[PDB]
Amino acid sequence: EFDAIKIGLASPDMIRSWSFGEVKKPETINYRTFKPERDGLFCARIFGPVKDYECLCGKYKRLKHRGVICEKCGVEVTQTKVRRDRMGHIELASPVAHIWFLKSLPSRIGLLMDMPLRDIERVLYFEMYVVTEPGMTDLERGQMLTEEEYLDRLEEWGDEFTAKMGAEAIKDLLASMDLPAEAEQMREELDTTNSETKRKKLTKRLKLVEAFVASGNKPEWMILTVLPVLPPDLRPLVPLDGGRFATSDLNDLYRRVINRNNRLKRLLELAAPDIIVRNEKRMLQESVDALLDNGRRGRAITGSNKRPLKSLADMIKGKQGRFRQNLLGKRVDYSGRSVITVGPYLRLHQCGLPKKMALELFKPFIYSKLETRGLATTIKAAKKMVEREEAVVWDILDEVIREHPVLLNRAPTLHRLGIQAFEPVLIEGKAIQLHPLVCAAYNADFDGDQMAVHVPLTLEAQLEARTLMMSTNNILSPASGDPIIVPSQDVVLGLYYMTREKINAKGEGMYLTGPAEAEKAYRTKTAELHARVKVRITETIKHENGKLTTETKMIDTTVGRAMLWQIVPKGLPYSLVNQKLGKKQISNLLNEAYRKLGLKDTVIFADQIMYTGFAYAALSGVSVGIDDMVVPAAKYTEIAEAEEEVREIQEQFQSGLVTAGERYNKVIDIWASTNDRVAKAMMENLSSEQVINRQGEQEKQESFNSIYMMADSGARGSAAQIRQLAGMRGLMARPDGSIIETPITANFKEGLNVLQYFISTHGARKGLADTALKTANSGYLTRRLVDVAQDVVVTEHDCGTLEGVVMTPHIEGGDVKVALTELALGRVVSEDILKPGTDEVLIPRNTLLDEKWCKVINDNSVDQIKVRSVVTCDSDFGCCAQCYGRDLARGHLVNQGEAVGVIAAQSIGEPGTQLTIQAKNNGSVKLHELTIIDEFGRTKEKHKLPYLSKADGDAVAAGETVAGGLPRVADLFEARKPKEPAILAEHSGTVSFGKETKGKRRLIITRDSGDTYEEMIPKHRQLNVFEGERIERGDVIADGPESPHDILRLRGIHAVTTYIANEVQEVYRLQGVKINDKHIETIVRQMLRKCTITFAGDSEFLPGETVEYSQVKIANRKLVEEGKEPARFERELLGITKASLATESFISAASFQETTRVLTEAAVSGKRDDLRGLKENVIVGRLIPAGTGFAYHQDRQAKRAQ
Amino acid sequence: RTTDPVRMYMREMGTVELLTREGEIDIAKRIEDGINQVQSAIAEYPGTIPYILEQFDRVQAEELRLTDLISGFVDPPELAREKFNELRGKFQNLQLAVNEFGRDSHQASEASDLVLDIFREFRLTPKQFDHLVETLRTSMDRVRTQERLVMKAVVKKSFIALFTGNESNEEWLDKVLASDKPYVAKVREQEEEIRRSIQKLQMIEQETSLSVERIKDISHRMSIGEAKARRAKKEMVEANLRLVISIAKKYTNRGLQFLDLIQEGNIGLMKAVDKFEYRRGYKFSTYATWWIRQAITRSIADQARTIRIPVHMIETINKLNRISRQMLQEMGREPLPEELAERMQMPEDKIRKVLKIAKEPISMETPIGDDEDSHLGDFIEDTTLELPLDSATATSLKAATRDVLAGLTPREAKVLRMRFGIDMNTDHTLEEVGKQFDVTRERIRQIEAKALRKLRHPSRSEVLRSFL
RNA sequence: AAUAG
Ligand SMILES: [Mg+2]
Ligand SMILES: [Zn+2]
Ligand SMILES: [Zn+2]
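Residue numbers (the entry's author numbering), protein chains in the order written: chain D, 16 to 931, 950 to 961, 981 to 999, 1003 to 1018, 1136 to 1374; chain F, 95 to 170, 222 to 300, 307 to 619.
Warning: the hint list may mix true and false statements.
[Stated by the list, open to error] Taking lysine-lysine pairs in the DSS-like style, the calculated list, with each CA pair at most 30 angstroms apart, reads:
| hint | chain 1 | residue 1 | chain 2 | residue 2 |
| --- | --- | --- | --- | --- |
| 1 | D | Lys79 | F | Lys565 |
| 2 | F | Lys422 | D | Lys40 |
| 3 | F | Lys426 | D | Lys280 |
| 4 | F | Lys379 | D | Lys179 |
| 5 | D | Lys179 | F | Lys504 |
| 6 | D | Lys615 | D | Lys557 |
| 7 | D | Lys96 | F | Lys549 |
| 8 | D | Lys213 | D | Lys1262 |
| 9 | D | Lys345 | D | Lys378 |
| 10 | D | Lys395 | F | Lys605 |
| 11 | F | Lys307 | D | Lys40 |
| 12 | D | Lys39 | F | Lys507 |
| 13 | D | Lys40 | F | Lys504 |
| 14 | D | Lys50 | F | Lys504 |
| 15 | D | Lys595 | D | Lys521 |
| 16 | D | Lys557 | D | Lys585 |
| 17 | F | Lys307 | F | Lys235 |
| 18 | F | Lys400 | F | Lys422 |
| 19 | F | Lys565 | D | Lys76 |
| 20 | D | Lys598 | D | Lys611 |
| 21 | D | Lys66 | F | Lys510 |
| 22 | F | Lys549 | D | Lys76 |
| 23 | F | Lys549 | D | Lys398 |
| 24 | D | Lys66 | F | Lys367 |
No lab work stands behind these hints: they were computed from the structure.
Produce the entire structure from the sequences given, and follow the hints as far as they go.
Shown next, in the form of structure tokens:
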């Protein structure tokens, strides 16, 4: 229907065209008949009838008279919904300045007229005159006159000049401006200017002036003469129960405006003294400002409730505004909510849904099937049958929900796995049954959690639920590619208990024909689960090439391991099961099943694993008791020794040998060492036991203690928590953060006393408060990321670019922090991977790196590769599939139409709650910094070289001595400048000292051309530069934190990308969060979207102008095709908030935040929104240009092309 | 330095000094002097005195209101009859000596001067005062328009030479026709337009019999008088703005803001200045307080409520509140409606009516319960919406009715369709249904009855029975 | 406001 949204100023004629009448009275409704009053705020003659196809007269009262205007009343015979669309207007007695174009800084009226805002308000507030037509006089336009001076010069000159005061004066000044003449004048003055401040001022004003010329807007439209009036049904006056009426504040504001306008007209008719008229004009301006934006001018007008009235700006803006409350999110039909319980019998694609809840949700479907099969004659009969709850209704409900998927949601929806589709199974009850294996995806536990349920209606929505959102499709984490349905808690415990090994168990040494006979022996009490036996195992191995090799052989194992092998799918080794299975081992089993067998086998295997784990956790009888907390006997001796040595240190303090700080430090170290020793003794005592073997000797066995089993299996519990249960609680911190000298020398088994419990509460409260506040901080960060990255969609397959990024193993010392395989898995090669010391092309260009090619890279000892990146993609809009690579949630190359920006933002934002020289290897030494290369050729030690045993190339043997989490991420993604940033070498050249000017110092550099560049340095700067040295560009002169903007300016796009990615990944890896770097690269790409033009060239770009990079690239391609001088630009790094606010579309920018500024700028500019991103199409109700809608939008782009 | 319009208004008002008794009498005297000059200017008009004479002729016949004729008498129908008979006699004398003895003759001037003296001892109602002013204003303005059109057409010095007495005389036209300056060819061409202009001028001059000099003198005198009266009135209003503020300070927090009350009081003060009388000896505050109070309170009665209540009901509500407060003080508990009705000497039903119509609308932003992020407007339904079940039932009924009609004879189906409006814009009575083929009301009625009888048979009505 | 996740 429509292809774009156009915004701009409104002329008086346009406002009159919108209007169906003029509001002349502040009347709303009669106080007896409750009918609209004529020419009032609710007039039926202006806005439409109050009843469908009726008039206030009651004369024309049917559809026979549609479109006929009653002569007695004037009310058109039509529908009542027209009162939601018909607008009105007020003819203002005096012009009024628009508050947005006056006080939304910077002021557009002031910028256009080149007069300060204070002067404009002085003219408006009737304090100072201003010259409109200077005439044949020394007076100039825009020069201010006081009343005294105005009277003086009125006597002096007379009618030669015109001087006015108020909004009429500003309108006359704006109407008399010659815009092309001003544009020429600013261009000429910019040609012959040197100061950068005046250059900025003239470039801003010139941009405004030429925007006004191009848009067709006239400046005097910024001063209102006709005021539009909203439809009444959008500001309703509706009756409540008991005769009370509820009204909108807009009615009060409009009534104030109308009353003051009528009083102004009456005063002008009475020829009142000028002071009264000036007062009335001030009040009219104040009333209109309050109606448009309350509180911007001054004291906000308040109603009888003593609270500020809500204006139109408040209608459209804010968290509670129309954009966010009603347009970006809505309340929906066919939805429900209930508490969630656990269904351990369900399959991964099934969810237990209550019968009554399904009956309410699927009601139209039940009506349709009752009508179809003849059980109900009409729809009212079907309604009666459903209300009476007949058995045939239940059969119809089963047939309806037979294969209809349903969507389950849990708030907060931190990532897309917070909504998944399931096949419903009708259950008796009122609680939703949720599959256990999906709980980790939902962050859902059964302690009172509630879930919402939605019914997809159309066939497309049903197929989207089945194909995309179904739980069996989403078993990999889109953030990292790791499985997300890994078993936890009881399952793991069961699999741990069944696969453990016991010495001299019943049935040891027995020979078993296979898993079935192991199960038979277990069920007959012949052998225990933990009996060491020999079992004939038939194992099938599916190789990389697809070879299926079957080998039968006798393996030493346990009964439980074979019984578990019974459910393992064919194609996997028995070594994955022939061990004790903790959480990590089961994770490995599922990962190998996915990597070597597929998706269906993995789903069946996961279901069987969870069934078996539950069953054998039940059969184990694992229980927690007070005797399971074994406190070591060494704890008391260690406490006594620590106390005695603390007394000795106190005695030394009283002798003056050591200071107070030393005493504090060594007491703390004493207690920390004591805690470590007690923990070690407790773990050693709890981890082992002594058993009698078959020969009768004593053997050491791993303990079957319940708490030890729970912790070791990874089901629940860790070393620190067992420490607290059976060892020492340890040193605790004060609310400010300092450590208390005496620790809690008691565990939870013994019980704390009052002081120890109070000290514990000190830290417990801090933890809870920190969680509560970081929730809001993380939410705001995630929203900002989603806004900045919402437009990134895979639009092509290959962009045909040769650029890429250099990838190397991450070395932060003597060990690898992360391997090259983990970084390269899923990325497309950009330059051929030649074998080291050889010219054979091991891996060609444009090949996805999967597990097989990762093993190939690892075997041949390759250090540095080059891969395609989203930051270096050349696509005009969005990115292409090759520059992105593998879709982590799907395992293959990313498909066209995938909204990867939203995925990146969710992947980064979801873990925000969790957020708070001697050689060690043998090889040679290479200098660049210090690098220690192994014999294979891989770089394994990267060390700094401050300004050495072995020189360059000299081999070194091992042992030779050659010689704040979430705020940090937010500051990195906002491109914040550090407080004391490092001073970097602006240009490459020879350093030279300079004249130490008072206050702060200066230095100079001589370039290769002999030109001298002067740098300004603060006094307190430990300069690392020496005269006569040719410092390269980007070299550090003064040490300090590095600004990302300086990195971009002096090193390039790759350097800033690496910096941001490394810092963010350092923060995330400190806490153990696995997030792929392509998400951070997508965000950084959205950060590098603007360029400032340095050379104007011949393209339609002004110097010093911040414009979109894609537009410049397209223009440069066109100009090169035309063989003309291209534009020269410097790319800019913006924060995610600033980048979001500086997008091309004003709908998205307004929907994000700062609605008034965005709308004011768009209105003065006359912007046009093409609806190219997701948010715009969400707001206007259209299909998003991603995924299933992608193709649709493409088709339209063809039809517009044709 | 400030943004509050209240503070700016006080700054602008404070710069005016306060009057004294002598100042008030002096300003009132200036107002009266200006009004007297205007009255004298209007009196020197041939159309003015006959209008007053005929108004008195109708009034003395006891057919018109006496107040509408005159409002007072200046003293340095017991008496009005004598003075108006004197006025009639002197008008006859002036008409006798207006032109027979000579316009410059002393009779025509002395009679007019003593007529001015007689008319100075009259206080007319302001309505016909403005009525007489407007006619001469319009005549003078039309003269201005014609003169400016003539100047625009001709464009100088020649007109300035003969503007004094020959502006409208045909001697100027003849002399222009005689002139032979190079630009007088186009001037002679424009003489055709100037002919129609001056012909239009002739009717107005004979309507006045004053030519141009006399009307110009009268216009200047009237303009000076109005300017002087306006200046004096402005001085009085600016002096008493502070009294307006002092009065309006007491009606805050009654639905109107402070500046609205100030402006309504200012309008009341201007109306008070329009009708002050310093001969009475009372000071200006005494009279002006009443008008300021009245203006402010009428403005509150008319503009303090979203739903407007008439003034009489506003008084009833306010006096109910006062009586309820006195009774609450008297007995110590809230007065029940019957006791209030007995004290008001009004029915209890009227008391309840006044009680529920005296409540202001609630805001849609008011929080619900103890919440602060909730709003009342978030919980208001749209009772005008149609349930989708009802829409589906309507479509089903349409389909069933069509199927049932398909089982009938086409004539009966069409007759029923026209008589009930099915698949048609309008319903039809028996007459126009007869107009189809045979115009027969008794026949159409019979066939409609037959169709209803067949549709009432249980064989073809079980489908439609389910919709009841 | 309070409460649940
Ligand atoms: Mg929970
Ligand atoms: Zn009507
Ligand atoms: Zn690309």
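Are the Cα positions of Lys565 of chain F and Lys76 of chain D separated by 30 angstroms at most? Given that 30 angstroms is the threshold and the Cα spacing comes to 25 angstroms, the pair holds.
Would the hint linking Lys598 of chain D and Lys611 of chain D be met if the CA-CA limit is 30 angstroms? holds (20 angstroms)
Taking only the CA atoms, is the gap from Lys66 of chain D to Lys510 of chain F under or equal to 30 angstroms? Status holds; Cα separation ~26 angstroms.
Regarding the pair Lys400 of chain F and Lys422 of chain F, is the alpha-carbon distance no greater than 30 angstroms? The given pair, whose Cα atoms are some 20 angstroms apart, holds under the 30 angstroms limit.
Need the status of pair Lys557 of chain D, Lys585 of chain D: alpha-carbon distance at most 30 angstroms? holds (8 angstroms)
Is the straight-line distance between the alpha-carbon of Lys345 of chain D and that of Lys378 of chain D 30 angstroms or less? Distance ~22 angstroms between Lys345 of chain D and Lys378 of chain D Cα, so the pair holds.
Pair hint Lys96 of chain D and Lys549 of chain F, alpha-carbon separation not exceeding 30 angstroms: holds (24 angstroms)
Between the alpha carbons of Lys39 of chain D and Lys507 of chain F, is the straight-line distance 30 angstroms or under? holds (28 angstroms)
Given the hinted pair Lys66 of chain D and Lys367 of chain F, is their alpha-carbon gap at most 30 angstroms? Violated, at roughly 62 angstroms.
Just to be careful, I want the Cα atoms of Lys549 of chain F and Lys398 of chain D compared with a cutoff of 30 angstroms; is the pair within it? holds (19 angstroms)
Taking 30 angstroms as the top limit, are the C-alpha atoms of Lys213 of chain D and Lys1262 of chain D close enough? Roughly 23 angstroms between the alpha carbons, so the hint for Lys213 of chain D and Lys1262 of chain D holds.
Is it true that the CA of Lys379 of chain F sits at most 30 angstroms from the CA of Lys179 of chain D? Answer holds: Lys379 of chain F to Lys179 of chain D is near 25 angstroms, not above 30 angstroms.
When the structure is compared with the earlier hints, violations turn up for hints 5, 11, 17 and 24 and for no others.
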